[PDB]
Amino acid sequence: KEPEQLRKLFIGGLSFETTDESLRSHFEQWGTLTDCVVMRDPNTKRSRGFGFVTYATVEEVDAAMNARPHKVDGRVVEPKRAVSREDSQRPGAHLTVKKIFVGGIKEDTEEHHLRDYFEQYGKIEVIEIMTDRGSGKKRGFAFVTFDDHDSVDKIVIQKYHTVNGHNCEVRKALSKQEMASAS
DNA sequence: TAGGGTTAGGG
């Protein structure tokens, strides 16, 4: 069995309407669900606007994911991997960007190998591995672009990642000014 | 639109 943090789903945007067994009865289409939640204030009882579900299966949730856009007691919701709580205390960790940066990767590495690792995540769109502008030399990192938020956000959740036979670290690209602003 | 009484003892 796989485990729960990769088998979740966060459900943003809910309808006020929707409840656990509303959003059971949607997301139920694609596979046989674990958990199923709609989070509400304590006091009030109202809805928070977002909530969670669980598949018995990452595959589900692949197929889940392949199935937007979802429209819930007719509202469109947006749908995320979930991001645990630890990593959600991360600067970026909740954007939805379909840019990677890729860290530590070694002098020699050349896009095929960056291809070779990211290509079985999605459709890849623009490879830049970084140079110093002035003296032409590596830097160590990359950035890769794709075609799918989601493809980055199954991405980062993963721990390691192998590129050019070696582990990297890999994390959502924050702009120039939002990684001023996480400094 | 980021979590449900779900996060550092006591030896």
The other form holds:
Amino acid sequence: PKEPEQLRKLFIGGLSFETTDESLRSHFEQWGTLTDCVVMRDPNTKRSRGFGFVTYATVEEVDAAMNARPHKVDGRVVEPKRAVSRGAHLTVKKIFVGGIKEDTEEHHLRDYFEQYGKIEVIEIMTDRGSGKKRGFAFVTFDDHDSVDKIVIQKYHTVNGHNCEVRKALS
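Please show me the structure of the same protein in the form solved without the DNA, now that we have looked at it in the form deposited with the DNA bound.
Next up is only this chain, free of partner chains and other molecules.
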């Protein structure tokens, strides 16, 4: 019933050194129930390390928090990202979509992937010499969270096809 905690956790970078567990929690509780909220501090000086983590009760709340960016916490714009899963580069805006075969068109990919975020480019790969569809595509979004949401899904079905999707980068 409950989603794995790893999927409900946000890493918040770029914190003001003034931010505390309490101020971070007061801010992010606006988008959901926080089961956990921590500002990372040096073990000796207790001076902030400039980042922390918050854990929501559900994935929908993570989505709501991500949709409410930019977040300005204690006067500083911070950088929320979903906890990882090791992938060679973390934060990217483009994905590889494979197993779409020759019958998949850009509207299939768009109609599906647009619900993950704003699409900027859809590039269906075609053979260099014949122009035949190669069975894969690249979608570029305006934001990395679209990609983070996509790649953590176990399945992707586009045009009846069960696709293999992964982060793509240069």
